[PDB]
Amino acid sequence: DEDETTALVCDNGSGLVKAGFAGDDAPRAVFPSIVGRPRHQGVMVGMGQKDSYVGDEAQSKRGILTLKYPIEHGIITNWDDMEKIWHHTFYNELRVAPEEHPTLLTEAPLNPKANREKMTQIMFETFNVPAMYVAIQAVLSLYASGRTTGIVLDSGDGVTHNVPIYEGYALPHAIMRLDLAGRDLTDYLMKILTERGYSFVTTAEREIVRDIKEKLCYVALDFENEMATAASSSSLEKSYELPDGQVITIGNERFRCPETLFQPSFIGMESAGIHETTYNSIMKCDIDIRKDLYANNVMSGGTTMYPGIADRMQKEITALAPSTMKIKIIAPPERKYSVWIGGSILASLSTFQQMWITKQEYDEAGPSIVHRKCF
Amino acid sequence: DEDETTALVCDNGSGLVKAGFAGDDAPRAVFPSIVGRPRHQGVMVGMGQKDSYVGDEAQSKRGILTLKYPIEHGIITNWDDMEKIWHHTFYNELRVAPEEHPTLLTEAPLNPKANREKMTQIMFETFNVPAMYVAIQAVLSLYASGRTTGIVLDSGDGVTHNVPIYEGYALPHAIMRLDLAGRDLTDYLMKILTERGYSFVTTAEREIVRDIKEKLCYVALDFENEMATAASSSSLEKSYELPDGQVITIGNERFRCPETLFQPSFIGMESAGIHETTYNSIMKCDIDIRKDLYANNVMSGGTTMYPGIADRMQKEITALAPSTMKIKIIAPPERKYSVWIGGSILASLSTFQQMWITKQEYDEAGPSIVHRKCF
Amino acid sequence: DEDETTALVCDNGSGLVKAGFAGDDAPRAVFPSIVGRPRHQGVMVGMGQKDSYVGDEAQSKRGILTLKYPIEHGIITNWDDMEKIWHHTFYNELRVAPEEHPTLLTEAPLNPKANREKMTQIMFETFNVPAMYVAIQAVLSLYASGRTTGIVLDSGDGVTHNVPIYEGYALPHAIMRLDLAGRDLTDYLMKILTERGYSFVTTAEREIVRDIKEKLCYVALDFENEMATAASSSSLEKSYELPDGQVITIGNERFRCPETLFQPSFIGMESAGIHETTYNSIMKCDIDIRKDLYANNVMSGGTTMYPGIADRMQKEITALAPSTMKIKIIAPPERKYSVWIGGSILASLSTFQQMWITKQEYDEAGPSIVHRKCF
Amino acid sequence: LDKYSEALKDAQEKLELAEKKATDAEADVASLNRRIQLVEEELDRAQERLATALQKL
Numbered sequence: 001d002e003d004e005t006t007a008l009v010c011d012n013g014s015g016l017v018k019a020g021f022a023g024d025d026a027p028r029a030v031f032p033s034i035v036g037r038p039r040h041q042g043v044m045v046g047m048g049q050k051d052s053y054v055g056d057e058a059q060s061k062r063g064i065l066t067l068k069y070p071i072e073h074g075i076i077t078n079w080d081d082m083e084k085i086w087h088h089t090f091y092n093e094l095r096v097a098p099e100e101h102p103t104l105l106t107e108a109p110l111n112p113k114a115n116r117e118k119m120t121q122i123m124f125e126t127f128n129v130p131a132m133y134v135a136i137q138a139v140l141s142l143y144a145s146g147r148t149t150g151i152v153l154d155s156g157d158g159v160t161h162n163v164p165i166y167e168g169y170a171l172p173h174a175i176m177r178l179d180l181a182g183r184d185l186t187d188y189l190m191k192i193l194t195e196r197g198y199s200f201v202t203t204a205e206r207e208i209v210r211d212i213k214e215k216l217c218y219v220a221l222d223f224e225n226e227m228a229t230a231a232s233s234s235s236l237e238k239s240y241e242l243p244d245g246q247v248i249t250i251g252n253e254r255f256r257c258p259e260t261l262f263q264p265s266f267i268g269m270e271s272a273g274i275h276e277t278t279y280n281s282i283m284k285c286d287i288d289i290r291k292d293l294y295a296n297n298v299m300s301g302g303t304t305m306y307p308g309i310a311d312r313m314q315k316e317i318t319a320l321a322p323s324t325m326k327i328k329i330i331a332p333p334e335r336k337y338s339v340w341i342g343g344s345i346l347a348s349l350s351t352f353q354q355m356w357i358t359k360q361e362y363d364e365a366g367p368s369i370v371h372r373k374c375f
Numbered sequence: 001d002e003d004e005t006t007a008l009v010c011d012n013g014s015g016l017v018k019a020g021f022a023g024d025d026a027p028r029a030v031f032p033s034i035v036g037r038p039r040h041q042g043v044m045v046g047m048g049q050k051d052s053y054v055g056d057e058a059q060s061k062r063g064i065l066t067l068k069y070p071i072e073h074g075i076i077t078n079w080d081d082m083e084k085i086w087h088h089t090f091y092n093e094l095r096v097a098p099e100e101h102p103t104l105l106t107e108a109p110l111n112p113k114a115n116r117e118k119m120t121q122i123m124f125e126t127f128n129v130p131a132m133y134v135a136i137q138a139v140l141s142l143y144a145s146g147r148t149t150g151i152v153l154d155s156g157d158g159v160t161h162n163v164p165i166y167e168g169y170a171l172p173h174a175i176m177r178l179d180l181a182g183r184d185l186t187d188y189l190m191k192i193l194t195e196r197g198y199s200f201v202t203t204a205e206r207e208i209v210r211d212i213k214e215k216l217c218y219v220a221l222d223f224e225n226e227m228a229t230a231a232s233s234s235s236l237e238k239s240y241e242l243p244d245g246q247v248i249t250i251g252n253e254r255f256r257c258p259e260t261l262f263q264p265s266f267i268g269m270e271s272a273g274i275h276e277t278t279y280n281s282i283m284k285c286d287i288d289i290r291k292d293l294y295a296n297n298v299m300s301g302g303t304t305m306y307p308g309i310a311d312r313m314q315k316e317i318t319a320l321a322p323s324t325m326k327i328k329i330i331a332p333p334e335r336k337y338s339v340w341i342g343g344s345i346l347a348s349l350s351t352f353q354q355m356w357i358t359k360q361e362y363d364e365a366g367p368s369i370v371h372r373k374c375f
Numbered sequence: 001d002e003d004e005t006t007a008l009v010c011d012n013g014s015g016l017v018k019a020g021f022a023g024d025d026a027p028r029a030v031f032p033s034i035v036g037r038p039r040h041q042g043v044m045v046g047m048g049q050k051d052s053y054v055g056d057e058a059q060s061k062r063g064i065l066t067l068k069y070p071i072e073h074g075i076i077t078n079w080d081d082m083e084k085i086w087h088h089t090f091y092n093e094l095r096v097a098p099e100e101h102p103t104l105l106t107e108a109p110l111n112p113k114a115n116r117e118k119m120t121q122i123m124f125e126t127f128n129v130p131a132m133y134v135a136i137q138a139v140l141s142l143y144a145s146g147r148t149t150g151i152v153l154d155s156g157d158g159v160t161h162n163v164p165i166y167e168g169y170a171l172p173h174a175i176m177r178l179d180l181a182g183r184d185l186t187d188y189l190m191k192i193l194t195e196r197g198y199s200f201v202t203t204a205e206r207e208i209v210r211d212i213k214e215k216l217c218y219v220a221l222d223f224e225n226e227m228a229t230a231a232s233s234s235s236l237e238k239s240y241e242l243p244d245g246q247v248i249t250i251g252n253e254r255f256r257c258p259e260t261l262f263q264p265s266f267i268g269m270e271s272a273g274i275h276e277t278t279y280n281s282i283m284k285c286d287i288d289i290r291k292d293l294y295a296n297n298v299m300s301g302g303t304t305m306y307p308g309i310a311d312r313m314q315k316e317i318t319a320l321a322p323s324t325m326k327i328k329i330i331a332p333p334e335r336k337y338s339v340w341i342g343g344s345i346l347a348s349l350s351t352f353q354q355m356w357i358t359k360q361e362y363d364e365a366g367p368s369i370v371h372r373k374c375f
Numbered sequence: 057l058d059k060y061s062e063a064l065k066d067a068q069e070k071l072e073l074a075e076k077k078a079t080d081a082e083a084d085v086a087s088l089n090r091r092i093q094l095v096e097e098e099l100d101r102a103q104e105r106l107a108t109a110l111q112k113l
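Protein chains in written order, with PDB author numbering: chain C, 1 to 375; chain D, 1 to 375; chain E, 1 to 375; chain P, 57 to 113.
Worth flagging that the hints you see were computed from the coordinates, not collected in a lab.
Do not rely on the hints blindly, as some may be mistaken.
Said to hold, decoys possible - Here are some chain E residues pointing at chain D (derived, C-beta under 7 Å): (1) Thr66; (2) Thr194; (3) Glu195; (4) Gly197; (5) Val201; (6) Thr202; (7) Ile267; (8) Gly268.
Unchecked claim - Below, a list of computed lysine-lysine pairs in the BS3-like style, where the Cα atoms sit at most 30 Å apart: (9) D:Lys284 x E:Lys215; (10) E:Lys284 x E:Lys326; (11) C:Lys291 x E:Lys50.
For each residue, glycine too, the CB sits at the ideal point set by N, CA and C.
In isolation and in its complexed conformation, chain C is listed as follows:
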C-alpha cells in the first residue's frame, strides 16, 4: 500500500515485534512475538479454528491457546514461527511485501550468531527480499536518541547487552552482557503476586500480569523506605481491573518487581544490577572516554517506562562515579520504541546505503554472509 520502495524495518524482540517502513518515526503496527496454539479438544463441527494463530490473532483468541514466543532471551530458535509472524506482519497488516522492499532487522552484538544468520536466510529465501541488513541495538539506540557517543543500556524483554560507543566506535572490551530482562521481572512479579493470594500460572494469566506490571509498577528511588510504607499501608497500593471482573491491588510488589533491575539476586542471578553494569561499561573505556560516557547514559529498550527509572539510574551511577564528572541520563518518549526508530533512521541514511546485502551476494555466499557484511 506504500507508494515508494523504501526499506522495511522490523524489530523482533523476545516480547513484541515493532514494524513499519524505513524513514518513518514510528512502527506502523506492533505485533507480539507470538504464535498461539489451542490446548483444548474441539467439540463443535464447522467452527473454523486454526491449528495456530499469529501475532495479534494469538492474543485475540488466547482464552484457549497456549502462547509461545519463538525468540528466547533475544535469539530466534523457532524460525517457522518467525516466518509466520513475518508473513502476517508484512503482508496482512503493514501491507508491505518484502519482495519489493529491502529489510532491516535488529539484535544485541553478542546475540549468538545463529540469530543474525537465520534471520538473513529467511528473509532472502522465504520472502525473496531484494536486500538485507541486521543492525545492532546499541547503534540503533544512539541514532534514535540523537547521539554518537554514550552507553546503551537496553532494559528490554530478553537480554541486556550494555554496550558503550564513542564517536561512532564500538568499545567491545567494555561490554557487560547481563542475563536479566523484562521477562524475568514479570516472572518475579507473578511469584510475589502468588504470595499475596493472586496465583497466575497459565498463559492467559501470564499475559495479564505483564499488562498489570506495565500499568502499575515503578522503580522507587529508595527501595527500603518505599517498602517500609508499601508493606504497611493500602495508601501505597494501586488497583487493576482483571478481564473477568475481579480486581487486584499491588503494594510493595509494585516496586519489588523493577527492583530486580537493581537487585538481580531476586531471580537467582549473580549480579549487582544494571547500574553496576552501566558503571563498568563507562569505567572500562579509556580514561579520555569516561567523561563523555558518564554525561551520555542512554536508557533504551522497554522497562524504561517504569516511573522513576530515568532518575534512579542517574542517582545510582552518580553514587559510583568520581566527583567533578557530570552524570546524565537520556530517556526520551521514544523509549522502548528506540530500537525500531533507530532501524528506520539507519535503513534510510545515505551513509548506510552501501551496508545492505543484496540478493546476489547472498546467494553466492549463503546466509553466513551476514557475519562479513552486517556485523
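Mind docking chains D, E and P on chain C? Use the hints.
Relative to chain C, chains D, E and P alone:
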C-alpha cells in the same frame, strides 16, 4: 613435619596460589587465590555452611558461591582475603605455623609498592614470621629455568611483565610491562563462546571457561591458515565436558582467544603483542647485551603452556631480529610452577641467607623496610 | 593574502610543532607532533570520522586513537606524517600555502644529515616552497635570547644539544650532544607513578602523564634537602586532576623525575647529566673563550620551565667550574618558544636573504644541497 | 472519549513540548552549568594565576 626451619614459599597471583617449602621442587598445595561467599539464602538448618570459603573449599562448594580474588593485575588490594588464603595454605595443607619458619613471597619488578609492603606487614604482624623476603618473579624464573640472562616472559593471569636481565642484573629501562594476561583470555573466550550459543556469565561459568581454555586452546604457528580450516570444518573442533554432562564444541575459538597474545586489540588493548614487546625489551638494551638476550628468551609463568607458543614466539621474534643472530626460546616443563620453584631455590641458596628482613629489623623500621632490604 | 612574502617559520620537535610567520614574536599555533589513527571498529555510519588525524585533531579525538610521533631524538623518521603535519600547520591553520612563501625549518647542528636533507626535500617537492633554509636551533636560541656567546642547552623533548658558541661562531669540537630528554622524563614518570599505585601505559595515559609533568613537576636546586622532606611528608605532595575526575598526588617523585636530567642513570642512560655537559662544552673550548661561556649559560627549549632548573643548572656548573670565575644562567621567558622566536628573527634579517636555497638550486643539486647552503 | 482522548493528546502533546522545553531548558541548565563551571574554573584559575602572578610580581 619438617626437620629444619626451612623458609616457606608462596607465589600469589590473580589466578592461583602455589605454596610449599624451600628446598622442594614443587608446591605442596595449589589453591585458586579465592575466597568464596554464598549467594543464596539458606533454607535447611544443621547443614554446616560457612560465611566464607577459602581456596579449594571455595572451589569445591562453588555451585552456590560468588568467587572473588584479592589480586588484580599482580597487586593485592584485599589483604584480608590473602590472610585467609595464607592461614589455610600454611596451617592446613603445608601443616606449618610461619612463626617458626621465615617466608618468601614474590612480586613483579614494577608492581606497585603497596604489594611488597603489605605482604611484609601481614606476615610479620598476623603470622609472626621470624623473617621476610619479597622476591623478584623474574629472578625466580631465571633460576628455575637455568638462566642468568634472558627475557622473562611470565605472561601470567595478571600481567605480562617482559623483563630483561643480564648476568643476574636488572635492565629496568627495558621492561615492557604489558596489560595483556590470562584473565583477559578467559574473558575473551567467553565472549566468543557466547557467539557459538553458550552463555557463561556467573562465577561457576567463568571458572569453567578458564578450565576450557587451559585444556582446549592453542596458538599454533599460522593463525590465518589455522582459521581457514577451523572456520570451515568440524574436523578441527574439540569437545569439552561441562559439569552437568552437556558438552560444548570449540572451533576457531580454540585459537582466536590465544591469538590475543599476538593481537591484544582483541581485548581492546593498545599493544603490538608479546613477540614485538619481547623484541622491544631486547632493542632497548645495549648491543653487547642483545646478543645474549636474543639467544635466551625464556618462558615462565602461564599461557606459555599453549601448544605452538614457544615455536611461534621464536618465529615471530627471529622475524623482527637482525639476521646472523640466533634467536632461541627456553620453555621448560617447570612451566606454571617455575616462579614458585625459583622461590624454593632462592630460599634454599646459601647466597641468599643475608637477604632476609628479620623480625627485629622489621619492628624497629616498620614494613617500609621492605624497600631497603628486598630490591 | 599576506602583506609581504616573508618566510613561514616552523620548529618541528619530538614533542610539539610550532608555527607562525616570520617577523612576529609568537607562533600562531602549537600542535603536538602527532598523527593519530583509530584503533577501534566503527559501528555507526555518517559519524564523519577520519582515517587519520593530525596535530590537535589527533589529540582532541584521542579517546579511540593510537597516537604516533613522527619525530624522535630530534629527527624525522616518518616523513609522510610530517607532510600531514606541515600541511595542517602551514595551510590549514596559518592559512598560507608554502608555495607562495619561503620556509624556515630547524635542526640541531649535530642532527643526522638525513633529517636536514629530508626537510629540505619535502618542502621543495611536495609543497613547492620557492625557498628553504634549515636553521641551527642553537642560533635561534641565541637570537631570541639576545646573545652571541654562550652554551646553548636546549633540554627539549627529543635531545639535549649542549653547544658552545662564541661571537657568533660554533666551537664544534666541544659540542656534547646527549640522548637524554623530556620524552624520557615523561616515561620515567609513567613508571614511577605505577610504583605509587597509578599505572600508566597507553596513549591516553601517556598524554595524562605529560600533562601531570607540565603542571606538577620541578627540578629542585637542592634535591637532597628537598627529598629529605618530600619523601618524608605529605605536606610536599601536590594533587593533579585526571580527565575522569581521579586525583593523583605526587611527592618526591615530583622532582625525582626531572632530576634524571642530572641523574640519567634513573632511566638506564650512561651520561654525566646536563650540568656536566654544559661544563664540558665550556671546558673543551680555549681558555679565552671559556671566561665568556661560563658567564653565559643559555637556557632554551622546553623542560626549562621546571622551577629550580636554572638555579640547579647554575649551582652544579659552579661546583664543577674553577673558583674566582663567575658562572651565570640565562633563562628568559622566551623559553620553549625561543627557537621559534629566533627563527622569526633570523628570517627577517636583511642579511639572511642571501642564505636561502631557491627552488632552482634545489632541483639542480637535489636535497643534499642543504649541506652546501644551510649548514 | 474523543474529547478526553483529544484533551489527552493535547495535554500529552503540550506535555511532550513542556517536557521537551524542560529537557532542552535542562540541557541548557546543564550546558550553562558546564559553561559556568568552565568559566568559574577559568576565573578561579585566573585568580590562582593572578595570585600567582601577584606573588611572582
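Against the structure, the hints come out as follows:
Interface hint at E:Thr66: satisfied, since its Cβ lies 6 Å from the closest Cβ of chain D, which is below the 7 Å cut-off. For the restraint placing E:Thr194 at the interface with chain D, the shortest Cβ-Cβ distance is roughly 6 Å, inside the 7 Å limit, so the hint holds. Proximity of E:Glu195 to chain D holds as hinted, the smallest CB-CB distance being about 5 Å (cut-off 7 Å). Contact between E:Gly197 and chain D, as hinted, is supported at the beta carbon level, the nearest pair being about 5 Å apart and thus within 7 Å.
Checking E:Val201 against chain D by beta carbon gives a least distance of about 6 Å; that is within 7 Å, so the hint holds. Interface restraint check: E:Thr202 against chain D, minimum CB-CB distance 5 Å, threshold 7 Å, status holds. Against a cut-off of 7 Å between C-beta atoms, the interface hint on E:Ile267 holds, since the closest Cβ of chain D lies about 5 Å away. A least Cβ separation of about 3 Å between E:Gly268 and chain D falls short of the 7 Å threshold, and the interface hint therefore holds.
This hinted pair checks out: D:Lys284 and E:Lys215 have alpha carbons roughly 29 Å apart, not beyond 30 Å. Note on E:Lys284 and E:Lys326: the hinted pairing holds, with a Cα-Cα distance of about 17 Å set against a maximum of 30 Å. Restraint check for C:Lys291 and E:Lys50: the C-alpha separation of about 22 Å stays at or below 30 Å, so the hint holds.
Violation of the numbered hints given earlier is absent; every hint is satisfied by the structure.
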